[PDB]
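*Asks:* Listed below, chain by chain, are the residues.
There are 2 protein chains.
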Amino acid sequence: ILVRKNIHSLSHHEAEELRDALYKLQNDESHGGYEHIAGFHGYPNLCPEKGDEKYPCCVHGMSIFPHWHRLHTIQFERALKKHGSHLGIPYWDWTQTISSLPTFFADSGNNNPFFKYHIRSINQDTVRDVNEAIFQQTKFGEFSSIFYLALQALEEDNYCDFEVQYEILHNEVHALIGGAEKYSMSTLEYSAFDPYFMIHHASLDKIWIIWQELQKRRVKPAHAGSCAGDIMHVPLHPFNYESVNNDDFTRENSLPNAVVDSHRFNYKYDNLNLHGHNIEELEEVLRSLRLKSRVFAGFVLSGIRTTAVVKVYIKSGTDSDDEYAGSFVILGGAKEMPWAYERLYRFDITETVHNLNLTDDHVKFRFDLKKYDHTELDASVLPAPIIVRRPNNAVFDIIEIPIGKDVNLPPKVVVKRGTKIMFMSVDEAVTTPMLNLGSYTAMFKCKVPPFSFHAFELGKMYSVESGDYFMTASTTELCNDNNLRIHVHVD
Amino acid sequence: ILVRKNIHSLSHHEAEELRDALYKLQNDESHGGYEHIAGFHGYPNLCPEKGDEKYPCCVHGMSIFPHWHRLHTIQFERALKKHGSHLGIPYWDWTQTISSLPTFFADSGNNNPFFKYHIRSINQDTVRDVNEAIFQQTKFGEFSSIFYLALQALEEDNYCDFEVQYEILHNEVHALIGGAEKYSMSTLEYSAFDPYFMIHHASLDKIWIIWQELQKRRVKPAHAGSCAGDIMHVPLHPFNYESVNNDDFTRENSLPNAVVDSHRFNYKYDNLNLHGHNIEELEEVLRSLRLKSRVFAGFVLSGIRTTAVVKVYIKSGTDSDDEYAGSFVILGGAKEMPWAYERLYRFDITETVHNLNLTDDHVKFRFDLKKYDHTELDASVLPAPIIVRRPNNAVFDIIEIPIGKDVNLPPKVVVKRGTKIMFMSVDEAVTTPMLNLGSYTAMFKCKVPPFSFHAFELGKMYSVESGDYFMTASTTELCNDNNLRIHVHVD
Ligand SMILES: [Cu+2]
Ligand SMILES: [Cu+2]
Ligand SMILES: [Cu+2]
Ligand SMILES: [Cu+2]
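If you're matching them up, the sequences are chains A and B in order. Residue numbering for the first sequence follows full-length UniProt numbering, beginning at 2922 and increasing consecutively. Residue numbering for the second sequence follows full-length UniProt numbering, beginning at 2922 and increasing consecutively.
Next comes chain A alone, as it looks inside the complex:
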């Protein structure tokens, strides 16, 4: 019987309840206190039952990334109501044209509890190094910045391929807000303490909702167990571990398959509209993208044990003229629990490609540069972008063009039974054999037969069948000249 009203439709009278509730919680050091709730995600680490090895309970990159967050956000909200609340956590639609940071934060003075919070555990206040994060261009379709990504998440079908777009989209915000500060909102291991953090995740949660049932309207209900669900059949840590917020709902309903439905944790949003668009209205904008063929840059991101950014630079035919193809962010931090996107990260680079006039399957590759919160780091681990072209009219097929030679990436799962696959003949040195489904992981360690062309993967081709595939080098030796062994998988 609670509701997360918009932070914009907020009223002075309403504003009070929020500040009072949060303050009372902030000055609370009990297991249900604010210094303890923010401790779940960032530092200090806990989860493992006395493993004396710490461990960030923050679940990022995993298939349940949104599941652990959706429950944590309600944990924050529930803790408030218990401390004297009236309305739910205010959400902020940061997709729309941002003219300035919410006055709910900016009001640093008057000791606003929503702008920052004193860690208390190891001192240090929650500081933020705001970034531009603005520059209008055009709304209502083709909205530059944020919105596109968010709208590109609802666009995606299936949940496992959606989760990626869901996270990456939310990864952006964290950066601009926390900037490059020590214990900022961008620093995974501390971003949890920030007042915004607790409420920001709610803003993202709302997007999940709109998409959740949005799928139902496409005879493609995706929510609980769909694809990589073996990871879901396990309670969210440390919500289940005996030392949680002790909130009957959380401590027990910590199971991912239970947190899948929001109408269970007693709370609803004032609306289900994004960027001023209603579900039916917004569903139209989505139809716009699908009406225009766009080339995407596949990414098989993997845990870099740290949060940072990455500027995608497209090579030009001139001589080397780079190009700001865009830029995304990867959350994380040393001591984080290992993760690796099983699914590809749909990233649009359409226009950028058309400028230098290159083909998706034809000789097309680029060299991007990544960067930590502030300093430069090993841009090495790309891992080799896996170009993917999504045809316009008549979609939900998507083509997948891996590569041939100098490719770098573990088994990529484009999933979405019915998807198309191919290979990049990049580098003429290597022809177009590329074994195919060698056999099982064992064989995948490169052990191709004596010229016995176990055909299946040729030049510019395609697929349609599902199941478990694979792609190894034409010959045994031509395998170790780049480690060609991308184990593609379906479903």
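These are computed hints drawn from the structure, not numbers from a lab. Be a bit skeptical, because a hint or two may be false.
[Said to hold, decoys possible] Under the rule of at most 25 Å between Cα atoms (straight-line distance), these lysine-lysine pairs were calculated in the DSS-like manner:
#1 B/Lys3292 to A/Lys3381
#2 B/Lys3366 to A/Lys3366
#3 A/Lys3366 to B/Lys3292
#4 A/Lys3341 to B/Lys2971
#5 B/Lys3366 to A/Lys3292
#6 B/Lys3189 to B/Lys2926
#7 A/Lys3103 to A/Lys3292
#8 A/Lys3366 to B/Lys3326
#9 A/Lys3326 to B/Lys3366
#10 A/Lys2975 to B/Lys3366
#11 A/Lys3189 to A/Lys3141
#12 B/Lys3366 to A/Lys3256
#13 A/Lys3381 to B/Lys2971
#14 A/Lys2971 to B/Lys3381
#15 B/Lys3256 to A/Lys3366
With chain A's structure known, arrange chain B with the ligands on it following the hints.
*Replies:* Here is chain B with the ligands on its own, set in the frame of chain A:
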């Protein structure tokens, strides 16, 4: 309405029909001829629809190894009846004490069509280099040689862990019969032509049958799709390809899930007794093994693109005194289609170990020597034996002790939900951390967290839970000092 009567209970009158039927087939060069039927398995290769790359349709090592064979044997039999037969293909129980090779073969003179056959395609007659393959010791339990293996196949539960024991057992015979001859019955790429071959596989088929329903008597019905079945949902090549024996039954019922039941291809055996033991009687002998703890030497055999033998030598405490721990055979041949046992190969070495007095989990390893049809070959690719101890009373649990350092093998699947696992602390240089379930294949490529001991795998321990596991080196560097990354799996 046909029957495969024993080759021993055979009578002169009956013998004729068999010789006539086979002869008429042998001198038949049509698509349903004998030179064409034997062509399905060995050379010349076919299967792929005009891939001009040949391809041995012989399916060995795969989970459907017995499925493709069971259908081929009926193909041979059906071809005969169509050419004038009366009884089914005679089976020979080679498990029992062998006093001498069947007189159905030995009768070289009189131009016996069952002793050999002229390839005709590329000349050369079917020759065999018989091996001793005898030496009585004791029957009715603990029968040295053959029978043990066969009885060790019915012993095993589940079908995927059975198929291995099923093949390896049948792999033996091939050797002794073909010996070390060019186009012998031991040479995969030609063994198909041999008259025995066509009938021998029928002998093995009978064992599959007795085991098939034998399981049903243990409330554990395993036949069609059980474990690795994705490989079954595909017709057996080239039985389906348009150019098969054109036998309505084969050409159509080529689907593995259909060949699972024999009572479908119109044919039954004169009995279902092995080594003179009835199903109920034999089921007792099985109860004997389970009543005595036996240590086994796990094996994750993988396609060596050739058929050969391997002598397991156990190291002694003396100084290096080896020991004839036994010996098995691996069928195959250059140009063969890639295979790799997903499941482990149960091989008993009990007594051998007790002599030098060593412990399964404790410092225990051995160096075996493998050999091609006649010459020595790279004994390299072991791959590191994965010792497994099967406790007596109260079985169907099996313990799995992999290893720590200098281990070599892809993801091993002990399956059998409820199985136990551990690790060999062999080599004190490496302690007992061994990460555990790092994450997904991506993470498995070694990328363990910063000392963050994602506990699960410790010293002499165990398991019980199912699902997909894994085991990586304690530290990132300690991983590449042997490539510790055996991806264990259950179910
Ligand atoms: Cu987080
Ligand atoms: Cu977050
Ligand atoms: Cu065979
Ligand atoms: Cu065989």
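*Asks:* Please write out, lowest number first, the hints stated earlier that are contradicted by the structure.
*Replies:* Going through the list in order, the structure violates hint 1 alone and respects the others.
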